[PDB]
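Got chain A; can you put chain B on it based on the hints?
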Amino acid sequence: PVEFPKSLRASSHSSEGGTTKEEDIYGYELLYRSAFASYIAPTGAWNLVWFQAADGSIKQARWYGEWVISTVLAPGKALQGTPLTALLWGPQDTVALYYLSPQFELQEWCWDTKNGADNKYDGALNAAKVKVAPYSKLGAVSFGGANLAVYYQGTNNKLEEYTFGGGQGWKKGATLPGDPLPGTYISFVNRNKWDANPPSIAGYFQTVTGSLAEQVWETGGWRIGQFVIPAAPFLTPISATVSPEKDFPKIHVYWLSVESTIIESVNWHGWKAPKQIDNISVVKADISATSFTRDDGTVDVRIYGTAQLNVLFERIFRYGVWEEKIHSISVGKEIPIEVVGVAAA
Amino acid sequence: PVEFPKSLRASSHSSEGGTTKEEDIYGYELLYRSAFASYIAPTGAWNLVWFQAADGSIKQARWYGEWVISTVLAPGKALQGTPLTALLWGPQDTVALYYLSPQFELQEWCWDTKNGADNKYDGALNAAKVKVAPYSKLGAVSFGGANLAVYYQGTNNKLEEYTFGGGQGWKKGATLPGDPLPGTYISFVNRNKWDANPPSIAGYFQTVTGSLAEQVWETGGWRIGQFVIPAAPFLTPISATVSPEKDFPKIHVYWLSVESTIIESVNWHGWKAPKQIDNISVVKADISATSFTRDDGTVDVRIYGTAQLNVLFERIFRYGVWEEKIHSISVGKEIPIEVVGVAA
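Residue numbers (the numbering used here), protein chains in the order written: chain A, 2 to 346; chain B, -12 to 331.
Don't take every hint at face value.
Stated by the list, open to error - Between beta-carbon pairs, the in silico distance windows are: (1) A/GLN104 to B/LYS320: 34 to 44 Å; (2) A/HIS270 to B/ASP166: 53 to 63 Å; (3) A/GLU325 to B/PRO217: 31 to 41 Å; (4) A/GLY170 to B/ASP99: 35 to 45 Å; (5) B/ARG49 to A/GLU219: 31 to 41 Å; (6) B/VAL308 to A/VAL69: 54 to 64 Å; (7) A/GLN104 to B/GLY319: 14 to 24 Å; (8) B/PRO323 to A/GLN104: 30 to 40 Å; (9) B/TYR51 to A/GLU325: 41 to 51 Å.
Unchecked claim - Some but not every residue of chain A turned toward chain B, in silico, with C-beta under 10 Å: (10) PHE5; (11) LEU32; (12) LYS194; (13) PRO231; (14) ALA232; (15) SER258; (16) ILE338; (17) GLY342.
Since the hints were made in silico from the structure, they are not lab data. Even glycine gets a Cβ: it sits at the ideal position worked out from N, Cα and C.
In isolation and in its complexed conformation, chain A is listed as follows:
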């Protein structure tokens, strides 16, 4: 069997007090510690998840009644272990998938999805040849009205912005304030794309002291936000998603504890205390959260990432509760492996 810390739970069928003896799955055609990007329809009618297969290609899991796997980028397009971030924008409902080339340059893959047309093409960002820090993660937002911004880590480890729109094409944007941890995970969100207010953007990252910090863009520029987590695990995964709950924006920020359990912090008329959504240890690797508002004004959440041993999990927050059954989405060949909980010497 494989050994696992007996005080940790490896899956939803682990014993209440920790792992004793169980069976878990190794999906070995999923890149170990793959990056993930995700987008659920505003109605919740379909899901999109992107990940990296073991052979380096970028693949897509699409849910519409059931999950269907396809390949969007052939091997050689993306860095082995590339970060991934995605958005949907524009007149033709264009999916934009951002990744890194093997030469650590920003890349963009586009897919218009309006009226069932499958037009897929490289975005203009590729031509800008933006070199980033080799360990840079990626975030991205649209501000509506053909404006985009990609967020990344520059070679001096500052968070950097690249903007698109206003008839300009892609241009270097601001250098964001703060002191980001080299290789920090990042996640940027549009705080209120639903209302008719001025745009408000927020980003979340880890600083050189290990704390979690927040970028806020309002009324003309970036400044350090009020969200502060004094201590977090080294290079913890970070993912944020926003949807309106009861007609007010609800920010969800997710990262991992020292047990590699997912911690949630919610902002809805103020920040709530961080709380663990479940006590199951995931693989310490990229997670991706997405959300939508139901007709009754409550916000569903989906979180994707890597669960033991190496499977793509889906965590479901639906009607105010995290559901106890955690699905896995098969992306290739799998083997089951016996797992035993083992204590310290």
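Just chain B now, with coordinates in the frame of chain A:
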């Protein structure tokens, strides 16, 4: 600060019962969870360590009185996160460093090191364009003064061999027995390297059940050896090294516990019980062990790998003791970070 499990020790200066409050180093120009290959001179006079930088280049740490860092392969040559394995062989003390291309093909970098000559070139193995499983690790041994063998995982997840020598060039070798874990770490060693033909070769790997197993080559074929660890962490790093102690081969096999502490099992007139060499948690990532025999017939060991938070450590087994101070070898810019032990 960054949070760390308080029941684990992150460094040699951690509290005896675990991490409380301490400062540790982040070397962010070392690829996070870099692969490592290593070689100490048979006399112990100098050391060679290879690793991958954050920018994807393959770099070299050379110790001769002090550590000196250089670049041996430019960015773009190696897969990001490539495995690494090395040997020294031949009349001209040639280093052969094996790695994967960005297209998951076996690659070889060569460096003659006899009489202070700096002759460096791509090896002929590159021309064979051997496609491997994308998560394959690498091992390699030389026997008989002019034979090489490279070990890797094929796309069907069997352990495979590619051979060089006998005036043949690089040829497909044996397919090894057993059911290797996909992406298993591997480490192959020559049991008695003084041109003993036929050779005796041993390899160590993790099976599809999570157990650790042993590959054995003797006249007549590869076979599954007697070394068995029934349970090990998923995709645990594995490294082996052999040197003669008191005129008999001493096999050292290293892997990680669930706490990411290094476990040692020695074969010297039979296998000894596995034992933890120290209780400091390393980063769960590739480790590389190398060894040499001293004048008094005892075997020194050096282990290289990633320590908290991201530094290249050197563990030293010298004159029968693992030394308490664990060095780190700086490979680029670093930042200090406060670390606090946390329970839940």
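Status of each hint after checking the structure:
Roughly 21 Å separates the CB atoms of A/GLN104 and B/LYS320, a value that falls outside the hinted 34 to 44 Å. For the pair A/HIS270 and B/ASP166, the supplied restraint of 53 to 63 Å holds, since their beta-carbon distance comes to about 56 Å. As the Cβ distance of A/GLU325 to B/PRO217 is approximately 32 Å, the hint placing it in 31 to 41 Å holds. The hinted window of 35 to 45 Å between A/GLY170 and B/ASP99 is violated, with their beta carbons roughly 51 Å apart.
For the hinted restraint 31 to 41 Å between B/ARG49 and A/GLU219, the CB-CB distance of approximately 53 Å leaves it violated. For the pair B/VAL308 and A/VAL69, the supplied restraint of 54 to 64 Å holds, since their beta-carbon distance comes to about 59 Å. For the pair A/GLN104 and B/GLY319, the supplied restraint of 14 to 24 Å holds, since their beta-carbon distance comes to about 20 Å. Separation of B/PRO323 from A/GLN104 is about 31 Å and conforms to the stated range, judged on CB atoms against 30 to 40 Å.
Against the hinted window of 41 to 51 Å, the Cβ-Cβ separation of B/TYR51 and A/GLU325 comes to about 60 Å, which falls outside the hint. Of the supplied interface hints, the one on A/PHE5 holds, with its beta-carbon coming within about 7 Å of a beta-carbon of chain B, less than 10 Å. Nearest Cβ of chain B to the Cβ of A/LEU32: about 8 Å, under the 10 Å cut. The hint holds. Annotation: interface hint on A/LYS194 violated; nearest CB of chain B at approximately 33 Å, more than 10 Å.
Because the smallest distance between the Cβ of A/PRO231 and any Cβ of chain B comes to about 7 Å, under 10 Å, the interface hint for this residue holds. The beta carbon of A/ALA232 is positioned within 10 Å of a beta carbon in chain B (closest approach about 5 Å), and the interface hint is therefore held. Taking 10 Å as the C-beta contact cut-off toward chain B, the hint placing A/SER258 at the interface holds, the least distance being around 8 Å. Against a cut-off of 10 Å between C-beta atoms, the interface hint on A/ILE338 holds, since the closest Cβ of chain B lies about 6 Å away.
Because the beta carbon of A/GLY342 sits about 9 Å from the nearest beta carbon in chain B, less than 10 Å, this interface hint is met.
Hints 1, 4, 5, 9 and 12, counting from the list given before, are not met by this structure.
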